[PDB]
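Enquirer: So you can see what is in the structure, the chains are spelled out below.
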Amino acid sequence: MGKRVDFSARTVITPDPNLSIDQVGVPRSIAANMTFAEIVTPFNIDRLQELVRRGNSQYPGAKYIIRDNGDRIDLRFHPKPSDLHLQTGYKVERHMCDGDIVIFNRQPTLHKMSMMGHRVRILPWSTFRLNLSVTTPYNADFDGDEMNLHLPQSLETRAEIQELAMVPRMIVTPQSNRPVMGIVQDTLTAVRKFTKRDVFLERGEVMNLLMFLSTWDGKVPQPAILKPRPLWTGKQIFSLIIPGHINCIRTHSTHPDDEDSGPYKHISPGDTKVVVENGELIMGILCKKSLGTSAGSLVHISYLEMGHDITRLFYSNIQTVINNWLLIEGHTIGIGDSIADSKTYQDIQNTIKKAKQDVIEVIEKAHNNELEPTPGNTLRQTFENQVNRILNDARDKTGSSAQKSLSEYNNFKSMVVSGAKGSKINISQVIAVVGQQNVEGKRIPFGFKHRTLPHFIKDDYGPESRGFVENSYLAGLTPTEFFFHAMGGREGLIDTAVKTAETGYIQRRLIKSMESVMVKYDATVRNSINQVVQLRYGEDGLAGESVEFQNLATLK
Amino acid sequence: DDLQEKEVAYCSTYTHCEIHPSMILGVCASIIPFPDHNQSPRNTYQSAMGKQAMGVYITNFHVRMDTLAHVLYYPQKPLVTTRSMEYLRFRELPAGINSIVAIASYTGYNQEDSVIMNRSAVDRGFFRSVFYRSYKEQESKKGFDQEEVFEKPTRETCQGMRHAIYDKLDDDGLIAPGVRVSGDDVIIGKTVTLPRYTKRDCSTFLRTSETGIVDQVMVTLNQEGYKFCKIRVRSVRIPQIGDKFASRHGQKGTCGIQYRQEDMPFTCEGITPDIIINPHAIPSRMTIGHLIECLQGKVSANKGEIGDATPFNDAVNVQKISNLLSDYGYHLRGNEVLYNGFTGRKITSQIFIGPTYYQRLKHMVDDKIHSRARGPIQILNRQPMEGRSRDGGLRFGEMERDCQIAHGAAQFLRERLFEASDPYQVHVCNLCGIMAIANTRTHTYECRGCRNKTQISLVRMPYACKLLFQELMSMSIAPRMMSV
Amino acid sequence: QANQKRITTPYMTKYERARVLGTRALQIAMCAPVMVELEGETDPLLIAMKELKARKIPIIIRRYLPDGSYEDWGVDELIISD
Amino acid sequence: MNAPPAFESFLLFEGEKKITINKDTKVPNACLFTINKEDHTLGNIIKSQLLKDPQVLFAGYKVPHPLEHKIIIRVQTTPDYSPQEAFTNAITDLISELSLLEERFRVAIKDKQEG
Amino acid sequence: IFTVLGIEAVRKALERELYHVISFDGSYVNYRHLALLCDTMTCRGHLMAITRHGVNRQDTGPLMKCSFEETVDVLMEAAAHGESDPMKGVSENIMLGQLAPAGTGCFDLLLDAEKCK
Amino acid sequence: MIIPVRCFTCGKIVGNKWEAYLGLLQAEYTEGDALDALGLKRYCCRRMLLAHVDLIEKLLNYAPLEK
Amino acid sequence: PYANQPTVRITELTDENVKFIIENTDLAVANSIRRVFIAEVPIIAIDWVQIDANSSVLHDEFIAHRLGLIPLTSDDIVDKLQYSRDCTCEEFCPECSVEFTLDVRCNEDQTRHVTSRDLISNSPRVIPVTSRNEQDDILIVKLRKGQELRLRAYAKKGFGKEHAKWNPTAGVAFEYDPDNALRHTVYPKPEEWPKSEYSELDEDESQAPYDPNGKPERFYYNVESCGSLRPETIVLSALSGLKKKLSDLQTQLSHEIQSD
Amino acid sequence: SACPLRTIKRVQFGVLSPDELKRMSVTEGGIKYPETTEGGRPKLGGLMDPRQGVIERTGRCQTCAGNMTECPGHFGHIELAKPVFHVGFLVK
Amino acid sequence: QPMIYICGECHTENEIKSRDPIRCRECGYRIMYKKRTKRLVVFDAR
RNA sequence: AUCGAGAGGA
Ligand SMILES: [Mg+2]
Ligand SMILES: [Zn+2]
Ligand SMILES: [Zn+2]
Ligand SMILES: [Zn+2]
Ligand SMILES: [Zn+2]
Ligand SMILES: [Zn+2]
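Line by line, the protein sequences are chains Z, H, F, A, V, E, L, Y and R.
Count along the first sequence starting at 1, add 354, and that's the number in the deposited numbering.
According to the deposited numbering, the residues represented by the second sequence are 680 to 874, 886 to 1174, in order.
Count along the third sequence starting at 1, add 45, and that's the number in the deposited numbering.
Every letter in the fourth sequence is one number past the one before it in the deposited numbering, and letter 88, counting from 1, is 88.
Count along the fifth sequence starting at 1, add 1364, and that's the number in the deposited numbering.
Every letter in the sixth sequence is one number past the one before it in the deposited numbering, and letter 43, counting from 1, is 43.
According to the deposited numbering, the residues represented by the seventh sequence are 2 to 134, 144 to 270, in order.
Count along the eighth sequence starting at 1, add 10, and that's the number in the deposited numbering.
Count along the ninth sequence starting at 1, add 12, and that's the number in the deposited numbering.
No wet-lab data here; the hints were simulated from the structure.
Quick partial rundown of chain L residues pointing at chain R, CB under 10 Å, derived from the structure:
1. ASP61
2. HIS66
3. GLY69
4. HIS173
Using N, Cα and C, we set each Cβ at its ideal position, and we do this for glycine too.
Work out the full structure: start from the sequences and follow the hints.
Expert: Structure representation (structure tokens):
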């Protein structure tokens, strides 16, 4: 059920925004080592002859001539001129060339998207180059990751891989009726900044961006502003990037809840409420919730309306054009993004001190037997629960204060609203308060005799003793907080390193249970024994990659 | 400070004091600058990753014939250092170079934990290093039936002779220091007397795809009293795409691309960063210590000092650093106005830049690349070998077959598990179902069980299945192959 | 089973399309006559794709029903979804 | 192991032409210029000078891959003009500007030294 | 729930509990997958656990069961009882190095002599 | 191990300033003052000198293999 | 439809760097000139080392690379010398390379510093910059009693586009619009940013008012030299090289047009 | 090579009977010598049987004249002195 | 033809041949290193 | 080449 396979390679993976999503970059050494057997025909007789005369030394060549009788000619060393000649029945194992179909794989292989078919693009250096958007299905990154590239050796295998496992065909998962690929960090932040209402591109900038649009008719759109100077908006360029005439209505991550209630519903003051009409981005700022893996997003609507090839070109055009615009705009991160204002610092301090005073009040009430337990809980249970409630309220309030203090130029906020990376909790921990460190769901245990650390007094249930990191990452933690945070990180690492074996066993058991279940030609679902399990697949008889969420108009 | 009388008395009965709070850290954790501004898993990752950092592992490396040794060209002590490093002796034996790091999005090749290295810096020696590999070989005279000797093999006497070149040796069967030896090249000429006549070649070749240079060789006698040889082969490894680098705060990545100096962004002064890292790496990992170290590095480079990144120290904070940085004509937050190298236009967002200590991990792509196309196979089963060192293929395991099953690629599954792994065929008696004794040359097929010579069929199936069925037969089970 | 009636779907499946394309490509690469006018094509995959789009594939699909029977469909008799 | 030679970025391979003229079909009076062993150093100046021309409707340049060593410049001109002529005029004007700048720099250098 | 209400009731309970587990954190899985797993766990009239004790006790095939678990034990059971494998499954054909009756292998191709004109 | 010939970032020569830098250090000059005296205006070159450890002197302690 | 009419203005000219302002030119032209400064200026550098003997603590690659980083006087001989690719002679000749020789033995007790003075060349005009008749000599290697270096080196012609050792600039400072009149950079807080060296503003103001009908002009330069060439020679040779490249492109374009 | 190519549609298991084992075993009389080989040459009745298969490369099996690859392993037998319990079939 | 080795302790240039004990005449050391080759190996400063 | 162990990477 598993064995070493010939015609495979493994190298470190490296980002390549200039490759299409269905394209993979292969080092020339791997292509020279691998071969594919091509049957000689009068159509390709000349090219095959050129390859064999070139030989195994030069990369665009071959090292084997397989005669119809069976004997193999090894062209690596001393190619005899007599047996160099080849006929129609022969086949020659030529080196891997551009456009060859290869199946790319990353371990561990969890879903079927963990193995996709890619088109070979020979590149100079010595790594596997992969487009950034095809990363998410592979659960990959570039801190030393490696991938396995298997090369089919037969025409039928190549054709079936092309017709089933191509990356464009693997965009939408039947697991959750949603795209597995979307827009990733840099392009996502860049499109969020690009589709803002106040983005204006000059003539040369627009032409340079259009040089990177594959599906461009060659007509420059009329600028959104003609006088006093011609200017194109980012929404116009992205409208021309959008394929076909797909319609879509989405929402940005900063859209207020009352905007759809009061006036200006259809004219957003904040440039939220993404609307695409006839393939044109009429209004709105795009983010993860419009260019990501969520169901109903722009890429999902594109895949459902147009084809997989059109969606593939959509992904590639988005990445390339907005990367070239980021080359002009820019994006960074640094200390200045982690600094709040003096008033905000004051607010943080107020939230903290007040919380400490409240916890002291709870401790005094507990010591005076004035704390009546809540039903269903013990007195220490009630005491802790309310202490943790106070601390969590303080942490949430200080995080909200940090978010309010954040300005429109903050890179933390930019990468968070774009959905590329980070979160409100990360901003809060960087700026205001790291928060309570918890071990096994409770506070730091009394490892010593009624003491968390020997620097405290016995029976001290204050926030500092039990592991409430009062400082932020920017300020720096006191050593007791450092030790408590180390405990928390150790717990996270323990969970990560422990759960894997159980999860893998569960996956193996599920697949060995269901592995032979298949949809039959009478549209029934039967197992190997032929025992019916579902008269109709999914009780309706539909695949999972073609359905979508809808609303029933007569129920409510 | 905790002994001073305050408005509210917490303890007031202290019996001991710590010499310094930073003593709770270890050896690979004291290298971290500003560890209290980092997330704990990042501290653990750096503690594990410092042991992989590349530098001068020992002063007397010219005499130590270790099997593997990576030595950096130009190690530098960090501009931002901790006080524990003085006792750690990391200043005397550093394992990294202070690099001008611009945290920016540039051309998209630094995405997802990837770095952009300045090509011109690499041509100048930036993170260049040497790789040392030692080969051992001894002549054993344990028995007169087969004895080894160091001699130059000739094609007219030796049997096990490869296609490699044997002219690189001296008459003592040894290579001399200072000879460029490529992959599959002879460095030790050893012939053992046969029981292609009276001597079988047992030479030791160079490692695959090395193309190094013989550094020095050492001839001696071992405990048993026989000749002992050690050969050190030196190879220079310029940093390139696919090489792993890390900061001191658990920020690892491979080299996405190498741009020349004219291609890199630059400040008003001609400062092209040596390394560009993605801004997206920080918010998820909360490595604020990385940014503080960059700021302190800029301050220290401007001031001509070595910064103090002791973990718990109120004397130094980010703001002070900013003030000191602003006193040297720079933005207090460390941002700079960069200019696009391709177009020369200003970059709209001012870019964070500054010196940050970086390490070159021992993870060189050159030791991870491997491809297979019909190489050697095992002996128990006719399946491809294991390990790039033995030219073995990749494993198409149970999860891979699982995903291909979900795909429905039956022909690809058959190609992977049977055609490209271990194609095999066997003759089976149609009645008994047991493998039949069939001669290909004379086409006389027999089955000693059923005593038949006509009802024999040919079935194609993996060698592993044949071995499994033969093992079951040896276990008294009779798996009968019925093709009717 | 009478040829006048059939219970399977009239649409070619993705697996049927992939295997038909692969088999016809192998046949073409093994010097089989072509059923389309090759403008300048020289690769079996696109030759087979052109033949499929022309509905001129000389292959019959034997759809095996679970009961043990089979229904034979020509490639030209099946709607091509893609 | 697969490190390309250093001189590959500017040295022309034998049998490979420096420039290539292709015609755009999507729009009239447009052409694609593909220049090998060149980079932004020439692309940006040629694009800007083409943008100077009032009869050049479109002028843009790109590097398809930083690992490759070729540039593509797209020029679309007025119906009475030709992209080839626009490219030639842009190059000639850049030559004239560079000559004038070099002469003026030599004059300024001589003046600065002589006082 | 099974022993008090029935196999169909336990099928519904299994579906709802598994959905609770899956969607407690907000993640989504298409209902057909859950339904198929629940019917596989239920179609044989009793709660077939996803383990050796449940899967191997079904008459799927000795080679399937030897691939799953208790390889020697199931092979000896098959040998002592004279069981036969119909080779109707997928793992059996994978073991024998044949085209699995999966996806592209679920049908057969025939040459159209008439169309060759 | 030894002082690099050029600054990594800008390429300015720094391989002829190590001995002078050491002499200035022994002449009671501050490190920054010595860097300014050697005309190291850019902080890249200032790093290249200030962060350099000289292991060639330690390596010169061991006796040569060949006499 | 025609070319610009640029003007130069040299503010500071020393033996190490040149300061000049180019007016009335395009940003593309200015950045191209800077890029050619960095990468397309031919100078002479060592590219062929044959170590006869080396008992030092640094290996042969280490030594060779350090020797290659040593700059040499390329002021006038760089034009007469031709690339070895185009040279019709054998591997080396006087018209495409410069010979070098090093022979140092440390026999005294004191540590011997092998500096660039030990580099002896056949060409009198091609010598190490530190050996030209202050700055000390570049340290190649240190030798103790017994250790000895014996090598032969060849200095070829190349530009920084091949290797960083052929780059003749120690920093090319480039800046336009010192006051942010064009709003190319958006400052979230302008008051935090120090004024440029060429800024013309009062302390109460941070950046110039927005100029809606302005384009980058008045490009500032500071070309620091590594000693291979004088800064004026660097600028002149870069302008000539850019002109030559445009000329070859024009010739190829004319040939391609004639082929159609 | 003239055996027609067929696919196995059925795998029937069972216990190898002693008579079938004795009939199909290539070695006659069973293995009685416990040593592998004598003087290099393989023992005719020992474990290193010349009839049970091929020993080394560039050699041919006695039974079928096959090389390292084209020679499947040929099966042997040992005549036990007295009956022996089978641990795998012990519960059976 | 002498094939002189170099001692590891006293660095005496002593000549050894095959079928001869691995010893240093001057100091009796059992460790010696081979002399550098005289072939013209070429390095490109890069 | 086989076994076993250890250290590691994702
Ligand atoms: Mg990773
Ligand atoms: Zn039989
Ligand atoms: Zn510098
Ligand atoms: Zn010459
Ligand atoms: Zn045999
Ligand atoms: Zn001695």
